[PDB]
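Here the complex is missing a single protein chain, while all its other protein chains stay put.
Chain lettering (A and B) follows the sequence in which the chains are written, and residue indices restart at 1 in each chain.
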Amino acid sequence: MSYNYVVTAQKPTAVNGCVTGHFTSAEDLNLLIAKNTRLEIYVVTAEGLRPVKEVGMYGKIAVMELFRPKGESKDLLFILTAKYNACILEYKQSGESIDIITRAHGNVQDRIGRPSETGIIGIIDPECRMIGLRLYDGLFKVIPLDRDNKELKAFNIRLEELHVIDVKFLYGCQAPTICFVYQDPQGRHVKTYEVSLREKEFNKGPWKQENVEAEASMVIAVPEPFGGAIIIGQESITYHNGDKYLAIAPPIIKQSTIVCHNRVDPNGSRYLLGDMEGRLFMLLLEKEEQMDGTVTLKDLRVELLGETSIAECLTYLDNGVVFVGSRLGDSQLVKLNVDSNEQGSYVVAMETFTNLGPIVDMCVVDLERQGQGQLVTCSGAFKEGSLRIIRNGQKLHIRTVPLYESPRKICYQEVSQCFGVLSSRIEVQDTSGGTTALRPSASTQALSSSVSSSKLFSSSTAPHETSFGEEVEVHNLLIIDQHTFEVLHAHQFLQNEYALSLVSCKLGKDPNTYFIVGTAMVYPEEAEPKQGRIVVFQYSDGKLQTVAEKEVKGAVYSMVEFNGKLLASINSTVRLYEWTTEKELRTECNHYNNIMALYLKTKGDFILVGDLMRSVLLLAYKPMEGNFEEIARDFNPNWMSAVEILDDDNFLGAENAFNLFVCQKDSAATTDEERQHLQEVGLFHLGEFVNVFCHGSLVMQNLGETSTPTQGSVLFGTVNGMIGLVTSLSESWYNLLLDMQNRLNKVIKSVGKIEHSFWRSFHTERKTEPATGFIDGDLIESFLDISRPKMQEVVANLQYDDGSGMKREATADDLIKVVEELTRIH
Amino acid sequence: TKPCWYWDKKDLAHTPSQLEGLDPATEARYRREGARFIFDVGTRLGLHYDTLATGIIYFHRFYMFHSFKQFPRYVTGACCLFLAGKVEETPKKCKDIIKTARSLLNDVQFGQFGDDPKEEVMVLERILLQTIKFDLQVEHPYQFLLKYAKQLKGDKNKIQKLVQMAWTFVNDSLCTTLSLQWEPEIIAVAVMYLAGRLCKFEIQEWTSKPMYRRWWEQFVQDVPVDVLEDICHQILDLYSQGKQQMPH
Partner (left out) sequence: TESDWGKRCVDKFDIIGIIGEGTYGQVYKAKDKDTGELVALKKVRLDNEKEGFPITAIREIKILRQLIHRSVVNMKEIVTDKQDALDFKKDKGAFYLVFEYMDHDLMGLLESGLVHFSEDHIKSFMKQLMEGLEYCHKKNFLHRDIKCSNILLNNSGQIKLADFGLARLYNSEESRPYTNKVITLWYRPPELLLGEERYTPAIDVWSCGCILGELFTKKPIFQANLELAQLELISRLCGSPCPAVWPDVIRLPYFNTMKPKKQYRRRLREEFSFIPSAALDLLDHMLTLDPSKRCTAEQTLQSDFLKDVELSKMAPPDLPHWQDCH
């Protein structure tokens, strides 16, 4: 068995949802911002936000909504986790003591159901009579909001429309009414049904219309002054209420997909809209009152306000202050002005809140020689693309290097005092036949530049057509200096060439230090790339020199230096190249028993391979023979996102389901099969998507003394910006901490009353297993924050073995020392 | 695709056993003894009649590729029955087959099993499987005797006498190389023919074609009487050579 420890160094930074309401007091206006597993509560002031409380939940926050049922003084909070843990929460404050009340809770998962393509959707009735959940295709689940339903019991209504894009509860109806866009073979349509709690079924809806845009994406429930709904698409915005139908198709929105919406004026006169290129629009509803005394919607208008960060959620707050919650770039607070500035913009930034965003890749390098370590991460996407240098100093110090294009891979070349970054920028087919970039970016503003002139694919003979307006990715290699993060050089790869892998190393008997990039020729027609290159560059005297190129028959997904040889994975094949005295790559060995060799790591002569669906494999180079050998393979099927080697026998993997596992070579040579069988000795639900595993630590360790119980250091980056750490334990230390977790779980009150053991259970749509071999360090480090009565309740009858004494009672003050030593690892 | 498991009588002059100086009578004697050894051993162990036959067919086929002077027959027989048991889903442990063999064999005969009987048998399984070319499925005259008898309609007692007499002829034909000369379907017809001739029955009357005097042609196409008469002649030879007579 194996024993490991996992802790968070920086918590999830990406904004996954934001609502405003009166949650902490019936009086204050609050902003609730949700990050993965983390809920942040703010109070809106005239200058910005006053933080008041932050809680963690044992679950990914999927739905977050504020409602105020008749009889309550203030808003209540509904949250549904991605594992279908539901709860209703209340804020309660006793002087200085702030706590979160779990008013109702339960798990709403169905034994049978197909998870929907557009994900979990949760909505609440305007009269707060019920909560609507869209969890599975063909079913609508109703939790009625009666006082007695403290367990959140619910029932399912059969839904004929299997493919639902989005749904909302409409305003102004005699009964609770849903408005949903659905897609069937005839296209997408907009329909309404009514919901009967008494009959527990759907009844005919107020109005039925069809033929909405093929890419109709979002539904807006317009408030009572107007009534009805607005449907946002790619080209058109339409309003449907009964017989009334209005449609606006302004050319400005066709350019970029609109992803978020929020209501500005409670009457519904004005809405905010945001799009993927970072533009912020105002949707204006023009009122026409008739002499009857009734008000009808006259027309729809869209006005461009300015630019924000690429926003996942928007919230209007008060005054002209809007909160730009971002998942791909920095979250923001921006002020909307009535008068435009001299550039024509009505939007002026106020505050910028750091988001490590998507961490595509990262490397650990000690730039200042502080014997500590810095983390230079490839963070952000599109115009939010950035490089974040992170150092530990009590908080982490983050410097941001804007790139304005997507970063993909980063490697450090000390010989050159610079970094190599693979990038992607979006250009659009323009009227010249070529393409035009939407904005300047790192690749366009490099001091010196070069473009591949390779003739390997120049033979073409493969016709590919272009339509004006289509997007194409242009991949570049960027040379960026470590002292000034000025982009010194930009190398642009071939048309339709994707840069997938980058390494900096010396090879063979060659004293020069090279940048090596592995690419793939990507054509929309191909399911799997069938052409590619390994390119050897030299950065010398402010110029990048192409040294050698090797053609391959696939995509070079991963490369790694291997004892002076170049180890590369081309689709199914794992190949080892030698670097000749003629400065050309020559193949030595191959392994073909793979589906897609996505990830590669090495140690000595051992290679760990990560596959798209066949978990992990341990390969060995037999130098005596000049070939590869299959030492051991994990036969359980897993979809890998990243892998890492912990030691000669333990291997760490990350699943696309937000899970972590560790495999161990059986090392029991009774039978050949036992050796070849990698045993999944560790299972752990992380809750994050891990893109990169990197050996290193940000702790100040110039001299070695007082090393902690933990041994080894692996850092990992995730999509939600979380940076984490995995380390190993001795058998005894693990059991002590594990025995303590089970004690802390009985003592600590969870938000939503979610069982900690459930949360960390390994989970896919097809399996659920109890966690094993992993200490949830974030639970252990919460021992320091629990009250003294709770600490002493935890330490009762606690005996550590393998020590000077076979059983030794632990005191609370003894443990406070142990936990504090553990807190220094990050 | 599938191997050919049938030889011509003339070919039996050239088995390995013949060419190592064994005379025809002796190899025939060895075949009867080996087959009857298989039959007796399995009968004591309670084995289904198909399982006995399969082992006997394995046995007969084996000694078309090897010599009796290099492979002791009772070891071969025991190995065949052991494999037959696994093939036909009537399995037996090797130690039990050995125990029964000791009961039925004298000490000199059991000398063939050497110092470790179980080992000599289990070792041979590798050769047996390669020898029979891993073609394990075997059909036997019994199933056709019943399939064909079922289509006969008439006196219940005359037809049951025909079946049992023919069934005895099938059991007796396992001691011969007929299993190696003619497909089982022909054997089943041949034994029906011999039982009919000896019982002074006219089988055509029981068929759906009572005026089709070559009654068998509606069960087995393309069989000349020459083949049926040769098979019958060989079956009755065993009775005339021994002291036993036709069952009747």
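In this text, a residue touches a chain if its C-beta (ideal position, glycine included) is under 8 Å from a C-beta of that chain, and two chains touch if they have at least 3 such contacts.
Although one chain is not drawn, the whole complex shows that of B:47, B:52 or B:83 it is B:83 that touches it. Per the touch definition above, the residue from A:70, A:111 or A:455 contacting the chain not shown is A:111.
If you put the hidden chain back, the residue from B:45, B:127 or B:246 that touches it is B:127. Considering A:657, A:699, A:700 or A:747, the position touching the chain not shown turns out to be A:657 (whole complex). Within the complete assembly, residues 1-4, 82-83, 86-87, 89, 91, 93-94, 119, 122-127, 129-130, 133-137 of chain B touch the chain that is not shown. What chain A contributes to its contact with the hidden chain is residues 110-115, 136-139, 158-159, 162, 522, 526-529, 555, 557, 591-594, 596, 598, 612-614, 630, 633, 635-639, 656-657, 672-673, 676-677, 764-767.
Methods note: only the chains that are shown with their structure count from here on.
Per-chain CA centroids place chain A at a distance of 73 Å from chain B.
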